[PDB]
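**Q** Below are the chains, spelled out letter by letter.
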Amino acid sequence: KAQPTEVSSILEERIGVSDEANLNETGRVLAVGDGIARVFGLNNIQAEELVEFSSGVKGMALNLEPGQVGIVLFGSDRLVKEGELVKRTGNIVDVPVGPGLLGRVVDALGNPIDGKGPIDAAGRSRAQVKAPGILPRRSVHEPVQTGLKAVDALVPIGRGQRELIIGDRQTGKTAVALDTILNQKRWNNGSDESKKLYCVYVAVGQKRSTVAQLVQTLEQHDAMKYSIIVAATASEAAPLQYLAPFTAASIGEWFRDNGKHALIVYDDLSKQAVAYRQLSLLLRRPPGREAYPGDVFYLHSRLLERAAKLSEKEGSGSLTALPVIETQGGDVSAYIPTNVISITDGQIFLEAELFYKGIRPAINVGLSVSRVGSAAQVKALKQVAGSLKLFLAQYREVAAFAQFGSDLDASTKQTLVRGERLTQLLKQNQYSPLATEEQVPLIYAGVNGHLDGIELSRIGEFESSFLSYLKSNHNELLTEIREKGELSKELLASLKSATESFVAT
Amino acid sequence: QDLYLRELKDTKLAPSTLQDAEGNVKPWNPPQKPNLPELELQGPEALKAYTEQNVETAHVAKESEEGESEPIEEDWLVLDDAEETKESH
Amino acid sequence: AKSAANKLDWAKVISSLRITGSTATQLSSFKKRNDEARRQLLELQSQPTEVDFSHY
Amino acid sequence: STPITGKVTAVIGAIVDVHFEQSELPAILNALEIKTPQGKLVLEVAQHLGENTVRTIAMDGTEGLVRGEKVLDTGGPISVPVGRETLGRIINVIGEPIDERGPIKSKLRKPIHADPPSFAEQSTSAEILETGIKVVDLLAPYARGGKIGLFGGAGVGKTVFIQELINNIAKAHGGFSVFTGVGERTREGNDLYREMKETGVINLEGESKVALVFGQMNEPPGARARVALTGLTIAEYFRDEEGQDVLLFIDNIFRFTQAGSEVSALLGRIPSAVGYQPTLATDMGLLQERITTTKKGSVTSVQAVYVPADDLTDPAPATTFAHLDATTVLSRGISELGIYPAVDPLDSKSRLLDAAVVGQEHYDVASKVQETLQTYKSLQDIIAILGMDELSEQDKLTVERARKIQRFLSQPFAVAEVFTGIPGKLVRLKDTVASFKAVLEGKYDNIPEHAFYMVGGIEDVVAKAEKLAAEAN
Amino acid sequence: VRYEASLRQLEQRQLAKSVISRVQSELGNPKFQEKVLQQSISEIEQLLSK
Ligand SMILES: Nc1ncnc2c1ncn2[C@@H]1O[C@H](COP(=O)(O)OP(=O)(O)OP(=O)(O)O)[C@@H](O)[C@H]1O
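Residue numbers (UniProt numbering), protein chains in the order written: chain A, 39 to 53, 55 to 544; chain B, 36 to 124; chain C, 4 to 59; chain D, 39 to 511; chain E, 193 to 242.
No lab work stands behind these hints, which were simulated from the structure alone.
Don't be surprised by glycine CBs; every beta carbon is placed ideally from N, CA and C.
Any given hint could be a false lead.
To be verified - If you want the footprint, here are the derived chain E segments under chain B, 3+ residues with CB under 8 Å:
id: 1; stretch: 194 to 205
id: 2; stretch: 208 to 220
Unchecked claim - Calculated pairs, DSS-like style, for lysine-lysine (alpha carbon to alpha carbon, straight line, at most 27 Å):
id: 3; chain 1: A; residue 1: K39; chain 2: E; residue 2: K209
id: 4; chain 1: C; residue 1: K5; chain 2: A; residue 2: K535
id: 5; chain 1: A; residue 1: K169; chain 2: A; residue 2: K352
id: 6; chain 1: A; residue 1: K352; chain 2: C; residue 2: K5
id: 7; chain 1: B; residue 1: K97; chain 2: C; residue 2: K35
id: 8; chain 1: A; residue 1: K126; chain 2: E; residue 2: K227
id: 9; chain 1: A; residue 1: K535; chain 2: C; residue 2: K10
id: 10; chain 1: A; residue 1: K535; chain 2: C; residue 2: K35
id: 11; chain 1: B; residue 1: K83; chain 2: A; residue 2: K39
id: 12; chain 1: A; residue 1: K39; chain 2: B; residue 2: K61
id: 13; chain 1: B; residue 1: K121; chain 2: C; residue 2: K34
What the hints assert, rightly or not - Each pair of labels, with its calculated beta carbon distance range:
id: 14; chain 1: B; residue 1: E108; chain 2: D; residue 2: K468; range: 45 to 51 Å
id: 15; chain 1: D; residue 1: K333; chain 2: B; residue 2: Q54; range: 22 to 28 Å
id: 16; chain 1: A; residue 1: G129; chain 2: E; residue 2: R205; range: 32 to 38 Å
id: 17; chain 1: D; residue 1: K468; chain 2: A; residue 2: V168; range: 55 to 61 Å
id: 18; chain 1: A; residue 1: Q252; chain 2: C; residue 2: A14; range: 48 to 54 Å
id: 19; chain 1: A; residue 1: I48; chain 2: E; residue 2: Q201; range: 18 to 24 Å
id: 20; chain 1: D; residue 1: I423; chain 2: A; residue 2: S426; range: 43 to 49 Å
In isolation and in its complexed conformation, chain A is listed as follows:
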């Protein structure tokens, strides 16, 4: 209505700034080609200072020289014209942080693209913040319940444990962190903030239609009330795609330094490396391996180091990071991923053939591992999955061994049958997260060989059948697993009886 004209006219009153508009920055643009611009003047400019051109496009002054300063653009060069007037902000590049960012969808600069008006920001924060030192940290001791079966079973995640999701094109990578965010609805509907866990998804270099459908889907399952989307789509400039994950990392630091717990998801760092080498080659800087500048390790390094678990002295904040790396044909020896593997605290490899067999999630257990996840696994899951990874590696040993058609003893054929049941067990449809109380009895049935008499095709209906069985009947045991997160011997035997009851069908 006219209330937008009211708000815009109050902003016209601010437009008061003209009465104190004596900028000590303005200088002419010498040249501006190939995503860069040399500007004369600006003799009190700062290093990595945000400036704004006369055509409204902002920029970061990245390299300072006696004579000129090279400023990168934050958009197309079609708007910037030679010889114009370049006002400096007066600031190193900062972004809005605050709670009102939840639900909104912004650019790399916090300017919202959802069309939902301005941003209720609680402050501005620099992009290239130092990562915290070794002393205000703590080893992770709190779980991140992703809701997926084999993820929460085999590779548990601590609050702040930097875990890589690596895979290939169209291999179910995005759906993993997506359903993790959807699992976080359990406690974001709750009330304890230390149980709560806030979600920031960083879509860079991707299709705007894809991001729109993702935001749509997060509104359908109502994850949006705790979600923050950072869009750096492929139409936009390479420095925006370079810059945006640092900004979202600053947002995660805003949540972490408030004592709260937060989750950031990078998707993908691969295109960020493409944008960064696009920058560096347009900086005329020499490349190294696979035409990348040698600091690209330092790039994703200095990005991902700003994510850990704060100690109690800092208020016990945490920030967990989920990077995504698209590789080329299952290669794990390209220069870009081998850098990331040297940074993150573990790997979640998605084999293309397993999803080609429709096994979704397509987890290669033999490659995927976490380093310190076992310290923060759910204690019941830590009780019930000790033999599980051993048995699955055992079944993997006889997986390639059984292809020759040779008959075997009852031990290895037993492991073959039970590992087939466990393999067909851990499939899980999209948008179907599972609580820990739900994940425990499937593991307890899978360990104790009860699935062996069941048909291999019958396992999928058996899962939902036994779950609805327990939710109908042994709902008290579900509450016990919820409250304790730890199975006593009495809970163990009651669980055994409750299983073997429905195992009789």
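Guided by the hints, dock chains B, C, D and E with the ligand onto chain A, whose structure is given.
**A** What follows is chains B, C, D and E with the ligand alone, placed relative to chain A:
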């Protein structure tokens, strides 16, 4: 600031004949009144279904019954077939 | 309180081992589990069935 | 009114440098004219080198040029004519008609470097573009406003396939087609244009249903890195003015990638990986995100992809595959079996082959079809080796079913009516779902395999069954 | 509520083409002449602040 003031007064006033005083809209040749408050006042119910979805159909549940209250000619056949199944048991 | 009924049901399953070929008694347990699972998801799915006059 | 006269200072191949007078500098990406004796020569401001002097790239041949000539600036970017006048005209990248049917008397002209639509303007759920072809609408369904990677070399009726697509969109949705030959062989472009006249999608007097833009191979890379944007802007007009679903057909995206890499090479930029341009992701994203589904309508883009030296870790197909929502493979082996179209059922895949997208029924039908044909293809070894002896009644049923589908995938073409005489059928989606479902249930196992070759639908199944029964009697 | 937000956005885009109408109203004025004195007194106010 006569820049500011005259720009903002034209900014308020030239739509003020569109919103404050209902004088339609001098520059627009199509009218503004028979679009949103008249034609598309039924807009979301031209975007949804009228008279079943938006009237919402407070509908009585179709009453299903028990097995027609006949427990003779079927229970004794159940007992005879249960003799048969126990001869199979 | 239905857990005692289903405990009695599995007691009747391990005693229905004595009568193999129950045509519809196990199907009766199937139907009661079916609509019990239906009603529990129906009541958990149910909101306070109203339009929020204050906010919404 | 204000002639911004520039002076030529440096001509290096396709690279032109112009010194202007003071405070007259055009922005980047603007058309510049030079009145040659042979017509006009077009330039495109790409690099402000300072000193009132900019660097453009050519749009045609740069022979015989004297440095210091008058350079005329157009101010804006390349205006290209849009509208009903553009249908059935052969247009260069400049915007000029080259079919020699006189000037295009279009009312509007649009700049080619428009921005992509905003994130707020994105339609938040991709429905299925109903094409009309059974196999496409069955196996790899197209997003309304999506990206389609067509594979396969020539000689497989790929042009016949895409003309059948043109007619099926014209009959079904009424939206139009814009074809764009980037680096198209000029002889083959001529044969294409002559065929499109002959198959009736171009009517020289009546309503041609399609607009053509042919950036030929003999044009400098500055042309061929903009022919795609020309066809893009033309399609964007018919979307955003007429509110339609308009189909942009592009060949080749890989020659476009070559053009962009050569443009970045001639501008003295350091080359990146594989010899491609360093701006490769951005040069792609400026093409892709201007192709979307608005609330006004959509532009659905089908574009051929040459796989370079049969490699998929090559960054140009690895970049293109980061945008293609659906693939379509014109194999030789399907055309080898006399099947029109030549679609491989197994490889042509979509990211929208999902039960929450096409409904559960269409998903389950396509699931059973892919499973049946996969088992059939696995059996095709021992079918030729051992015969139907090893087939159980589980197996020879499915073998017969997959034969019936494999004949039943074949569809008559409205463009192969001067070729085969059999008229094509705009086969609807809901007919196709139920037809393949009734084949998947086995309700026509009595019907012979031959009664399925080049048929429209299940009504045509029953009709051809009765006709072949009468001809056998 | 969906149509309410839709109507707000349609109101906003019709006021955007009304902003075009306001600019065309502002273009033909001797505010072009008078506003020079605006800048005059203004720059007096800014430079007399220091
Ligand atoms: N558990 C699942 N249930 C249903 N579908 C799944 C599941 N896991 C993966 N998929 C399918 O995998 C496809 C790819 O999803 P996703 O985008 O996560 O893969 P990706 O490798 O991240 O692709 P990209 O990197 O291009 O985003 C989707 O079409 C989705 O339907």
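**Q** It remains to establish, for every hint, whether it holds in the given structure.
**A** Hint check results:
1. 194 to 205: That given contact holds, which follows from 5 residues of the stretch 194 to 205 of chain E lying within Cβ reach (below 8 Å) of chain B.
2. 208 to 220: holds (count 6)
3. A:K39 to E:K209: It holds: about 14 Å lies between the C-alpha atoms, which stays within 27 Å.
4. C:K5 to A:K535: Judged against 27 Å, a Cα distance of about 19 Å means the pair holds.
5. A:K169 to A:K352: 18 Å, holds
6. A:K352 to C:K5: Violated, at roughly 49 Å.
7. B:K97 to C:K35: It holds: about 21 Å lies between the C-alpha atoms, which stays within 27 Å.
8. A:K126 to E:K227: At roughly 23 Å apart (the allowed maximum being 27 Å), E:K227 and A:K126 satisfy the hint.
9. A:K535 to C:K10: 14 Å, holds
10. A:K535 to C:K35: 23 Å, holds
11. B:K83 to A:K39: Cα-Cα ~25 Å, so holds.
12. A:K39 to B:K61: Since the Cα atoms of A:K39 and B:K61 sit roughly 18 Å apart, the hinted pair holds (cutoff 27 Å).
13. B:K121 to C:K34: 23 Å, holds
14. B:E108 to D:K468: 45 to 51 Å: 46 Å, holds
15. D:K333 to B:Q54: 22 to 28 Å: 25 Å, holds
16. A:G129 to E:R205: 32 to 38 Å: Given a distance of about 34 Å, which is inside 32 to 38 Å, the answer is holds.
17. D:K468 to A:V168: 55 to 61 Å: Distance hint for D:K468, A:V168 holds at roughly 57 Å.
18. A:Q252 to C:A14: 48 to 54 Å: 51 Å, holds
19. A:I48 to E:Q201: 18 to 24 Å: Given range 18 to 24 Å: holds, Cβ gap about 21 Å.
20. D:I423 to A:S426: 43 to 49 Å: Roughly 45 Å apart at Cβ, these two residues keep to the hinted range, so it holds.
In terms of the numbered hints stated before, the structure departs from hint 6 and from no other.
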